[PDB]
Amino acid sequence: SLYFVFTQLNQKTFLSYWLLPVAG
Amino acid sequence: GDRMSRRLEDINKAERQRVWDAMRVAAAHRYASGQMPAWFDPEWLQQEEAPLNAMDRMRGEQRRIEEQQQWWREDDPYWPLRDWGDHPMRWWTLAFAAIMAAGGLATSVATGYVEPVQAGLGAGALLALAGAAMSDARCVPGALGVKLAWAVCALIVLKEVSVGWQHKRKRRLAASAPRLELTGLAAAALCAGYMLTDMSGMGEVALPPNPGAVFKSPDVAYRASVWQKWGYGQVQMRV
Amino acid sequence: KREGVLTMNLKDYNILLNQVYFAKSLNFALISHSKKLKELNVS
Amino acid sequence: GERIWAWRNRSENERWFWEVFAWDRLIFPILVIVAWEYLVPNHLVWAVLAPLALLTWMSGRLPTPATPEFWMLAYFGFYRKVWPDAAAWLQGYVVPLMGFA
Amino acid sequence: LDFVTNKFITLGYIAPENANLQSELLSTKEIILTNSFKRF
Amino acid sequence: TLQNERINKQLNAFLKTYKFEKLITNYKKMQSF
Amino acid sequence: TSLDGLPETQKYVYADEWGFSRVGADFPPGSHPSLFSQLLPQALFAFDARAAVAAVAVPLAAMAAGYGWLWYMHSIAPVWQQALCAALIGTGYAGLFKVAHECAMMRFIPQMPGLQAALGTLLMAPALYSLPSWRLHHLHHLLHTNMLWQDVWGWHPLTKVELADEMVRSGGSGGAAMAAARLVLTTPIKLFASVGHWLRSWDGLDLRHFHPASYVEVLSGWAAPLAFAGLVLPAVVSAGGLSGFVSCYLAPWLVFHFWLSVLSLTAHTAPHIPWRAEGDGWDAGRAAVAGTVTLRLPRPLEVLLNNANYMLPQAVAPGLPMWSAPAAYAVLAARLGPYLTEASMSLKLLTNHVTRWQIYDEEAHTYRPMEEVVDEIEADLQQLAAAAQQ
Amino acid sequence: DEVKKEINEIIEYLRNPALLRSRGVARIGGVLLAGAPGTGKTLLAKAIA
Amino acid sequence: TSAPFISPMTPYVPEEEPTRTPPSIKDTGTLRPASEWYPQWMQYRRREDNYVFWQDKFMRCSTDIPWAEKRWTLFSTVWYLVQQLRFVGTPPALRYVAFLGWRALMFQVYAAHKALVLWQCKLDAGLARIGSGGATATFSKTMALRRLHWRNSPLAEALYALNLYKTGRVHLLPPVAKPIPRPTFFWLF
Amino acid sequence: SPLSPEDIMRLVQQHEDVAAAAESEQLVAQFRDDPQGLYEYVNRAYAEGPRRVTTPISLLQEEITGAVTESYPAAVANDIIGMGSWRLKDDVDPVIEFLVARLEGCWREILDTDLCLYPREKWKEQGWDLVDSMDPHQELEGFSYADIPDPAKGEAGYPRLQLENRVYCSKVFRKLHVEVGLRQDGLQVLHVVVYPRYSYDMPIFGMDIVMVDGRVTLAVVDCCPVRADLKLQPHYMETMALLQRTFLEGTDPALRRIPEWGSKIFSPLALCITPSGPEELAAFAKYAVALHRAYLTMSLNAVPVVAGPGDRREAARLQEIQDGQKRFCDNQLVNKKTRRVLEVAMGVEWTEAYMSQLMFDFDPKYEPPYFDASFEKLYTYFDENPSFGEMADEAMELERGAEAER
Ligand SMILES: CC(C)CCC[C@@H](C)[C@H]1CC[C@H]2[C@@H]3CC=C4C[C@@H](OC(=O)CCC(=O)O)CC[C@]4(C)[C@H]3CC[C@]12C
Ligand SMILES: CC(C)CCC[C@@H](C)[C@H]1CC[C@H]2[C@@H]3CC=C4C[C@@H](OC(=O)CCC(=O)O)CC[C@]4(C)[C@H]3CC[C@]12C
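Chains as they are written, first to last, in this note's numbering: chain H, 817 to 840; chain S, 11 to 249; chain P, 40 to 82; chain D, 9 to 109; chain F, 2 to 41; chain L, 1154 to 1186; chain W, 5 to 394; chain Z, 80 to 128; chain U, -9 to 179; chain A, 10 to 415.
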């Protein structure tokens, strides 16, 4: 009965940030 | 006191009215599907006020009025500023729909382009339907009508000032750029006149409330509901 | 069909509270308790 | 001070949106998926299979068709990296078996 | 008095023996009492 | 067929009683108070 | 009942003077137009699929043949070929519109009320007609049939005292109103006066004329027409230009409106039919059966228009289906023969409707020519002025 | 019966906390079982757990 | 009388919850600013009767907010950025200077409006003369005050000008302007 | 083969008389199946028992502390009230008590959506709701029945007479009047009369009991016509006959004599009896009770006789209604037994006024209003069929999906 929304992706780690500068 | 009596009486009147309205709604949903005890007279759903509140108002009114007696129309010039039951911006909506359809047909036959007549007739039809539903401003259609009218005139202003008209293309590139012409100005005057009159209806449609609106709410079941919806059903409610 | 409305006057809940708890509070849990009793009984 | 008090009482939803929702649950996942699919050559092990594993490990739940993550992955990764070629593969290997060539 | 007594008996009331553990009126009873003052 | 004389008799009842129902209401007005 | 009981010889010479096939007998007061429904056999109210599907698909095929013939030679056709295709398509649409008017009164397929209401709405749309306003106006007609000052959703005749009132109110016969009335009730454009009726629907586009518990239904009723004239009418123009619009839409429209107007005008107007105000001698069964006319068609036109001229078999029985309207008439003449009235297609009848029967006078209780009436009420103005010089 | 129905909420909090939130009960963090001296209070916890 | 059960001589017009917070307690209906901490009337009442100042504060700020000012829409979540800039991203000193400038400007605007109102009363007194033709050079203080407090819609003043110029009757005034409700559309604004 | 202007009128007559017969049959169809239940309703209500009220508040109260709330059908209720708060009770015979309780309970239970009390400036302000012969000017504020002792034999004021009235209005009925009078010598009377409104075509109801030292000396009950032909509608006659077969069986038919003032008002089935013993009295009581209840249940479905402009038939019908009601009205005051009872004690100048304004007053231009309180039927309804507010539904689906785990 939730909504159609994302989850957090960074409550566990930080590695995902490594993806933004590289692509930039 | 005399100052707390008023508070109590306004609370009571508001509660009586709310319960009568809930009754009208639930009785309509029970009678439109058969299960009504056959003494039910379906004309009761037309009594708007409430029987109790009405008796109170009638008694008070007769007491007041008994104890106080211990174009142009030269008999009333202010005939327009009188409540007839419909929205004020009602003949403007129909006038603009007629103007739109007439200009659409005229220009799209006198040139040969197929866009102006389609736009003009669509705008005219939607504004005519809106000006029809705006003929009873007390009901719910009287509100969805103003909504539809504002939406259509806003879309007109948008298309004009941001994309311009196909039949107004020229060879240059700075002269064939979209500016604001007459029909856009009229549509903008319409949106402004709608907003300055009454568009306050159907106010319970908005984005749903966050867990940030129920942080200090005094009710636990509501807050748990909101958290559960927004994806936080597991967080502990140390509250 | 389906209707979400409250045909109950809140003064009745207030009266029941004052009676049984001066001789929890007015929230949605109370109204839900009411509905649960009604349903499990009428069956 | 009085103005800040009145303004805080009328804007709780917008406040929680901008402080908790705007980046962490709206903009960052979009950016991360688009960025990953911009890199990461057009295979299936890289465009679909490893994204799912890493998304479930990070977010702590599997992306099902009930979630926006599954649909973002599907569209970008599958439709724009493996489909324009697996389409030719099926058009040259499996459709001849059936009636129409 | 007679009319209101008839109505109240048919609406419901707590029997003397059935009370093991009347400060205010419910809402239907108030509609009935107001109308009864209007009629009689 | 019954589905059709049903409609027939119903419209007939309506058309025959209209005139009396117009007068019974000119009556459900002066009495209540 | 205006030229009631007297020897049948003079009523027959009147019927031959007016083109009428018959003149009614005497009808006594105190009756209900639903009475004579007890005579019809219990099988005349039967339902069957084949007759209905024929009644809907035959004028459809007529219209489709006409369009195909036109689009085959879209605009290179001469004028009278265009007129032939327009007449054919308009007749097919009059038939489809009678099917519509059937499902509006709920007597077409009572088995599926939703499907039949949707069919009525869809088929009324291309003519710009709202189903519920039509149904309300038709019941309001049935209730006040041939009543003075009360049936304005039929062919309400123009009377004498009101025309004298307007004569004084305009200060002569030279104003716009008098000229408009003259030109509309004197030339064959009268045969298209139903167009004005179409403008009297959309009751100002105003929900304040209706019952609140009906609003959401009335608006949807105004939706299907509007949507049409908002979506399809542009497309046609876009793909056909002005002329290509006066061809594939406007002419079949004028044809259908001609058919409608003449059907009604000849069904309920005649010199042997008086128009009484109720209280001053009105009656339901009398003004229903005695003040009516039934018209004759060639069986091709009768299978096309779908029995569009039998209005009495379904005024004695409002629930009588459509493929049974002739058969029921077969029974009615067996019983009320002397009181019925009948007529046929004749340009003489129309010419007398145009030139002779123009103004209704309540003194002689009959119709008179407009120029004689206008000169004579000018003479009565001379009279009242003679009484006014002193 | 008293303690039966006043711990039929402890049991369900142990089973389904989301159901008890729907009853205005935020959380149960600590309970006391009082009685007359000579109660054998450890007897209940067995069947409860 | 659509009402089946009860129909008093005055028809029932439904009441709906308000959509905006009332003027504070301190502001005049006009354009001039207020005394900026304490109203002048507070000095002519008993000390035990001026709890209404702080009570009105508590009401407008925390206790009676009409549920139409807490609607979450796409427009309000950008107005949030604007307001949060103004309240957290600007130093109070610049805010104070802007405040002083705005106060001065509004005072000048009020003076201009008052002059315009006086000129309007002259013109209307002059036109009612042509209207009634005869003796009345008068106006109505009612209309002057209603013009100074913005209580007339433009249609009302137009109808009043016509009525004056045609029949005089300088004491026949348009009914009143009613308060504008808060516009709402959908999740949009 | 065709028809003539005379058989179509025959056809309209056929149809309309058939319709009248149909509705007249529909009226009696309900009584026909079981007539014994027109008197035996109270015993059945007692048999079925107390009913447990189940509203959400009632259930909540019952589950919090212990309290069960009970209700009773209106027949049981009007049997607990009895001759409830009449001021002249305790001196009224037990038969008159039974009859008054039953009649007023019927009025309260059957007409409870429009039963107003008659306008008070007509009877209750002059003080005609309680009348004493020792205090005709009302200087004891209406407590004379308590402050003044009974006069002894030969004293001024013997024999003392006192009356108590009650008058109601309603939708169909323009006056429902009950009155009880006692004299000191031992005479007690009871006089009931129910008048329909001038716009309705129904017969008048009337009942009189007169008893002397606990022995009924005269008992008459009549559902009396209002037409000039003195014949009721088929349902009225059918019901009276069916009821006489049900209750008056085994009773002397030669006792229902027609008094000299009777046949001018009496329906051919009217009853006038001088009972002999307990059996005659019990049978007559059950019969009068069932007849009154039937009369009211029949009025429950009545429709006014409206005279549309253009119809003279209905105007003549309304004129006939007026003539019949007035004929009965001035034909009842010549029942000079009770009138001489009144005039031997209260005088004549007071009796003329009291009688002409209350007893059998007739004023075609005056019928009082009534108060239509049917909307209450809604409120009570929605107290056993409530709907809860869109938030209890989530919780109830939670509870259903939780308990069904097992
Ligand atoms: C100012 C700029 C940055 C745009 C801001 C957009 C947000 C306000 C939007 C974007 C995504 C939206 C969400 C996307 C999907 C849903 C599900 C959808 O659910 C419903 O329809 C619930 C209906 C109800 O139960 O009332 C609407 C709410 C919600 C959470 C939306 C709430 C509003 C959000 C956060
Ligand atoms: C332009 C064509 C090809 C497409 C179809 C257009 C119709 C949907 C329009 C054209 C004529 C319009 C009618 C013209 C005149 C009026 C009167 C007008 O109302 C009034 O004038 C109110 C009464 C009054 O002023 O006395 C608006 C409704 C109505 C029926 C209009 C309804 C909409 C109609 C039928």
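No lab work stands behind these hints, which were simulated from the structure alone.
Any given hint might turn out to be false.
[What the hints assert, rightly or not] When the alpha-carbon atoms are kept at most 20 Å apart in a straight line, the in silico EDC-like pairs for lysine to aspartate or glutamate are as follows:
1) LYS184(A) <-> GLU323(A)
2) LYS168(U) <-> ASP93(S)
3) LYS164(W) <-> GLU376(W)
4) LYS1175(L) <-> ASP155(W)
5) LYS1175(L) <-> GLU323(A)
6) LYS156(U) <-> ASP93(S)
7) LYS133(A) <-> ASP372(A)
Checked hints:
1. Of the pairs offered as hints, the one joining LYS184(A) and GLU323(A) is violated, with about 23 Å between alpha carbons and a cut-off of 20 Å exceeded.
2. Restraint check for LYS168(U) and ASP93(S): the C-alpha separation of about 12 Å stays at or below 20 Å, so the hint holds.
3. The suggested pairing of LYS164(W) with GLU376(W) holds, with an alpha-carbon distance near 12 Å, which does not exceed 20 Å.
4. Proximity of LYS1175(L) to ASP155(W) is assessed by CA-CA distance (about 17 Å); at most 20 Å being required, the pair is judged to hold.
5. Between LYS1175(L) and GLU323(A) the CA atoms are separated by roughly 15 Å; this keeps the pair inside 20 Å, and the hint holds.
6. A threshold of 20 Å between alpha carbons decides the hint, and for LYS156(U) with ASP93(S) the separation of about 25 Å lies outside it, so the pair is violated.
7. Simply put, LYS133(A) and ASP372(A) have alpha-carbon atoms about 19 Å apart, close enough for the 20 Å limit, and the pair holds.
Hints 1 and 6, counting from the list given before, are not met by this structure.
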